[PDB]
Amino acid sequence: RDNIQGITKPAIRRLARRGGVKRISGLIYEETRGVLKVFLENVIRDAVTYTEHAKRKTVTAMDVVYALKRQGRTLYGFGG
Amino acid sequence: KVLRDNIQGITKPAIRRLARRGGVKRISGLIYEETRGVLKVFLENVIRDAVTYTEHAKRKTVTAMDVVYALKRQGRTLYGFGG
Amino acid sequence: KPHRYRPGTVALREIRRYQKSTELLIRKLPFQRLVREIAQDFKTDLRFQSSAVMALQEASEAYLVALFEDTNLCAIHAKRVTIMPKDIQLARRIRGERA
Amino acid sequence: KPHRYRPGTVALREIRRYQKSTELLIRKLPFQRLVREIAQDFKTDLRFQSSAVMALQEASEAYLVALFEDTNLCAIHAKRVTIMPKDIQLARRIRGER
Amino acid sequence: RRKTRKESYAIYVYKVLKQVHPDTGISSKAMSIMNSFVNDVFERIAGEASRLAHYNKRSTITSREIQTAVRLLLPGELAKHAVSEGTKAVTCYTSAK
Amino acid sequence: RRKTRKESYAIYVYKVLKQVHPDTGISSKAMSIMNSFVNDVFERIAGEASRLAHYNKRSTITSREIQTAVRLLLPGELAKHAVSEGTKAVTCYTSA
Amino acid sequence: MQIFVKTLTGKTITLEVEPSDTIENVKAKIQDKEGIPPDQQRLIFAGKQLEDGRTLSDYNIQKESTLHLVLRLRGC
Amino acid sequence: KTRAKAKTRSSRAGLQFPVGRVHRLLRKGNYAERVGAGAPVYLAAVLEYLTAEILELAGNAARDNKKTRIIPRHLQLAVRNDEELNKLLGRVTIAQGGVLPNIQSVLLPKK
Amino acid sequence: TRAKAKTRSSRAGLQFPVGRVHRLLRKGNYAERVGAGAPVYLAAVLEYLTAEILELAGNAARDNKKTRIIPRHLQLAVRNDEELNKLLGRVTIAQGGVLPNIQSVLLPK
DNA sequence: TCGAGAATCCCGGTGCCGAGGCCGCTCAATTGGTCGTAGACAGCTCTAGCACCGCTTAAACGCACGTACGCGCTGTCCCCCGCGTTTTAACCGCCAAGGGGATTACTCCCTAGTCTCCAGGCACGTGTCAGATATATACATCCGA
DNA sequence: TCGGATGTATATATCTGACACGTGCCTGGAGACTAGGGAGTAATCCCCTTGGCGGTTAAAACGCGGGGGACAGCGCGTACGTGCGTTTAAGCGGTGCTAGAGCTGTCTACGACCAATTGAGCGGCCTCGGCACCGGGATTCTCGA
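Residue numbers (the UniProt record's numbering), protein chains in the order written: chain A, 37 to 116; chain B, 34 to 116; chain C, 38 to 136; chain D, 38 to 135; chain E, 30 to 126; chain F, 30 to 125; chain G, 1 to 76; chain H, 10 to 120; chain I, 11 to 119.
Derived by calculation from the structure, the hints in this document are not laboratory data.
Heads up, some of the hints might be wrong.
Subject to a maximum C-alpha distance of 25 Å in a straight line, what follows is the list of computed PhoX-like cross-link-like pairs (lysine-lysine) [said to hold, decoys possible]:
no. : chain 1 : residue 1 : chain 2 : residue 2
1   : F       : 35        : B       : 93
2   : A       : 105       : C       : 65
3   : H       : 96        : D       : 123
4   : B       : 105       : B       : 73
5   : G       : 27        : E       : 109
6   : D       : 57        : I       : 76
7   : F       : 109       : A       : 91
8   : I       : 75        : F       : 58
9   : H       : 37        : E       : 86
10  : H       : 14        : E       : 126
11  : A       : 105       : C       : 80
12  : B       : 73        : B       : 93
13  : H       : 119       : E       : 58
14  : E       : 58        : C       : 57
Could you build the full structure based on these sequences and the hints that come with them?
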C-alpha cells in the first residue's frame, strides 16, 4: 500500500506556484512527501487519542479541530 | 532623576563576547547598531508587560514574580527565581 | 514556425492565476486513501466523517504553502532562483521544527 | 620579530573559553541604567527589586545568544564566514517576528 | 422527531452587520467563521482574567480583571478603543436602573 | 514575630535523590529549579485533564483523565513508562 | 482657515479652523453648528481616518481641502 | 403586588450582545468561585466592538469587488491587510481564504 | 476506640504527598468534583520524572569529579537527552550555559 | 525600433438553490426577597531600596600594520521548460445494507460535608568540611625556518 | 619536513561560608458517619457510512529540442584581526535614612440561593432574487524582425 505516491508531481508544482516559486529543482518532491507524511502522522495520532478517550468508533470533525488547536495551529470555519 | 543616552552602555566588546559564546568567528562593522535596536525592542515589550502586572495590584515596587509572569506570557518561561 | 514562449513566462502566468483563486489543489480520493492508510497503524477498523477529511486537507495545504514561501525566501537570499532541498532543511531548522 | 598569531586562532580560543563557562557578560550598572530609563516611559517614580533586574538580564542574554546562533547558520548557508545585518534580518523574518 | 437545541451568535452578528452596512448579506461559512472567532476571543479573555484573579489570592472576578486582561491581550489602538467602549457601557448600565 | 509558612517540594526531592544516588548533595539554586519544574508540569497536566473533562460533558476528573492527559503531553517512551508507573501505583493503593 | 466637509446627506458644510486645530476642537465646532454628537461622526481625508489624539497639522489638511463625513449607529 | 414589565439587561446598557448569556457562561465555565455584576457588560461591549470592526472591513472589501454578500475570501482580505488584526490572528488559518497577491521583485522579467 | 493513622502516601508506596496533591487539585478550580484515584496517579508520574532527571544530573556531576549538583549539571543532563530536550524545548535554565559545538567549516585547514 | 497571434476581460441572456423571513412553542432569563461573609479601610512595625564617599585596578579606547576574504568577471556544460500525443482513473449519478451514534429511564454507590484528634513539616539555631584561591610546574600546541 | 615560545592542565596547601542536621510546635491531614445526586447500564430508533456499477472526459505520463542558469576559476583591494600604550569608570566596603510592603481588626455592602412567570430565541417551511454558466467580441500583452 504505497498510497504516498498518489500525491503527484503536478500537484506539488501547483502548491509551489501558489506559494510564489518560479523555478523548481528535480529533488523537491521526495522532501515534500516526507514532510507531509510526518505532519499527518502527528495530527492523526492526536485525533485518534481523543477519539479513543471519547469511547467511540468514528473520528468526528471536532476532535480534529481539538488536535490542530493543541499544536498551536487553530482552524476556523469547521464547527469550532 | 531623568536619564538620557544609556543605550550606548552596551559596549562593542560585550556584543563581541556574546557573539563568541554564540559560535561566530568573524563580525562585520555594522552588527552592533542592529543588535542595540533588537535588544531595545525586546526590553520594551517585557517591561511593558511587567509594569501592567505590577499596576494591577496597587503596588509601587516591581517584583521578580511580575517579571516571571510577563516572561511566561510570551512563551519563554524561566526557571530558578520562584513560581 | 510554431509560436513558443520564452522559458519563464508561463511560470508567472501560473503564479498569478493560482494565487488569484481559492480552490484546493490535491485530488480528494488519493488524499483520503493516504489518510486511511496512515491512520490504520494506530487502530484497526476505523471510520471517518467527510468533514474531518476536508479539515485535514485544508490544514495540510496551508502548511505546505507557508513552508514553500519560506523556502523561496531562503533560496533567494543565497543569490539563486531555483529552490533546492537544502533550502527546505535550513528553513525547517530555523523554524525550530526539526531537531 | 615579535611573535604574532595568524588571524583566526584567538577567535577559536575565545569561542572555546566562553563556551566552557557560565558567568554573565554584560556589565551590571549600565544594564540597570538602561532598564530604568526604558521603564521611565510607562510610569514615573518606580522602584525595582534586584532579583527582577537579574532575571531581565538572564532572559535578554539567552535570547541574544540564540539569535546569534541562528544568524551564524544563515551566514554559513550562503558560502560565507562573516556575518552581516541581512543575516539577522532573514533569521528574524523566518522565526515569525515583525 | 426530537432535535436538541444548539446555540450560536448568529442573530447578534447579523444585527451588527445590518447596523453598520445597511445593504449587505452574509453566507453560512462566514457566519461559522465569525462564531468561531467570537468563541476563541471569549475563551482567551476569560482564561486570562481567571489566572490574574488567582495570582492575587482573590475569589471574585470583577470589571477590573477584565480591563487588565484586555490591556494585556490586545495591541495598542484596539486596547484603547476597547477600554473606552467597556467603560462607557458599564457607566451607562450603572446609571440606569 | 516569626514569618509565615511557605510550602515547597524540597523534602521529597531530597528523598528521591538519596534513593537514586546515595552519596550526592545538591545546592540551593538546583532545588529552586526542580521546584519550578515540578510545579510547571503539575499545572500543565491538571489543565489538560480539566479541558478534556469539559469536552465530554462531564463534571468530575478521574484516573482516566489523568492517563489520557499524560498520553497526550509526554513523548513516547516517557509516556509508556509513566503510564506503567501510574497504573501500578493505583492498583497497589486499591489492593490494600 | 476653511475646510469643506461632504456629508452623507449630500450637503457640504464649511468649517473655519486653523492648521494647529485639534480634532476635539473641530468636534466642538460641529456640535455647535449642527449638534450631531461627536462619537457619531468620522472624517476621511486622502483616504485616511482622522483620530482624536492628533492634530489637523499631522494629517496635512490645507486650504480648500475636502473631507468625507461618515455616520455609524452607536445608540447610547 | 404587580410585577413590572421585564427589561433585558442588554437593553439597559444600550448593547446588542446578550449580557445574560455571557453571565451564565462565565458562571458555569469554572473560572472563579464568584462572578461580579459588572464583568458581563464589559465583555459584551468588547466583543461587540471587535465584531463591528471586522464586519466593517469585510464589507468594504466585498463592496470593492462589486458583490452584495460576504464570503471567506473577503474576510481573509480584510484581516490580512490590517497590521493590528493580522498580529492578533497570527497563528490562525481561515478556510477558503487563499493568499495575498505578491511576487518577489527580482523574479520579474528583465528589461 | 480509634486506630493509628497511616498516610495515603504510605499506602500507595510513594515519596510524594498524596493529600497535598488532592487539596491542590480541589482548590485549583479545575472541576466540580475530584475523584479518589487521581492524586495517586499524579504523584506517581511526578516522582518518576523527578527520579529520571535527578539520575541523569547526578551522573553528569560525578563525571566532573564533584559531590554536589549545580545548575550546569542539570542543563547538561537535559540538553544531552532527546525526549527531555523536547519536553523542555521552550524553557531557559538560569546559570545553564551552552553545549560545546563548533561548525566544521570554521575549523582551520 | 516595429507587427502578427494568443490569452484575458467586459457584456448579455438565462436558470437554479439557498438566504431571508414567517409561525409556533418550550425553556431560561426576570423580578422579588433573604442571609452570610469577602473585602475595603485604618493603624502599626520593621525591612530593604536609595543615596553617598573613597580607593584600586581591570577593562574600554584609540592607533598602526598586514593579509585573507568578499566580490565582480568570464567561460562551460547540462538540465529544466514548453509543447505535442497517448493512456487512465477521478468524478458524477444511482442504488442497498446495516452498524453505530444519539435518547430515555432506572438504580446503586461515590464523593462532599462535618466533627474530633494528633503528628509531620516548617522556622530557628549551630557546627564543620567541599571547594574556591594562590602558587609552582609539566605538557600540548602553534608558527618559521 | 624540525624547534623555540606561549597557553593550558596538573598537583599541593588553606581557610571560609554554605550545607546538613537537631528541636518545638501548631496547623493541616487522617478516622468515622451521613445523604444525595452523578454516572453506568439496558433498550430503542434511524441516520449516515461503506460498497458497487457504468461512462466520460479532463488530467497525468512520456518524449524531444534547446536556451538559460548553476558552478568553477581568477584577479583585486579593502576592511578586519592582533598587539600596544593610555584613560576611564565599574566594583567593593562601609554609613543613614525613610518610604512602603506586610500583618491585624472590623464592619458593612454585595453576591449566592429559591419560587413564580413570561417573552426571547430556536426549529420547520417556503419563495424568489443574486450569482454561476455559456457564448460573443474588444483588449492587452509577448516575441520575431
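Checked hints:
Between the alpha carbons of residue 35 of chain F and residue 93 of chain B the distance comes to roughly 24 Å, so the proposed pair stays at or under 25 Å and holds. About 24 Å separates the Cα atoms of residue 105 of chain A and residue 65 of chain C, which keeps this hinted pair within 25 Å; it holds. Using a Cα cut-off of 25 Å, the hinted pair residue 96 of chain H and residue 123 of chain D holds, with the two alpha carbons roughly 23 Å apart. Proximity of residue 105 of chain B to residue 73 of chain B is assessed by CA-CA distance (about 19 Å); at most 25 Å being required, the pair is judged to hold.
For a cut-off of 25 Å, the pair hint linking residue 27 of chain G to residue 109 of chain E stands: about 20 Å separates their Cα positions. Pair hint residue 57 of chain D plus residue 76 of chain I holds up; C-alpha atoms about 17 Å apart against a cutoff of 25 Å. This hinted pair checks out: residue 109 of chain F and residue 91 of chain A have alpha carbons roughly 21 Å apart, not beyond 25 Å. Simply put, residue 75 of chain I and residue 58 of chain F have alpha-carbon atoms about 20 Å apart, close enough for the 25 Å limit, and the pair holds.
At roughly 21 Å between alpha-carbon atoms, residue 37 of chain H and residue 86 of chain E fall within 25 Å of each other, so this suggested pair holds. Proposed proximity of residue 14 of chain H and residue 126 of chain E is supported: the alpha carbons are some 13 Å apart, at most 25 Å. With a C-alpha separation of about 22 Å, the suggested pairing of residue 105 of chain A with residue 80 of chain C holds against the 25 Å cut-off. With a C-alpha separation of about 24 Å, the suggested pair residue 73 of chain B and residue 93 of chain B falls inside the 25 Å cut-off, and the hint holds.
Distance restraint check for residue 119 of chain H and residue 58 of chain E: the Cα-Cα separation of roughly 43 Å exceeds the 25 Å cut-off, and the hinted pair is therefore not satisfied. Between residue 58 of chain E and residue 57 of chain C the CA atoms are separated by roughly 20 Å; this keeps the pair inside 25 Å, and the hint holds.
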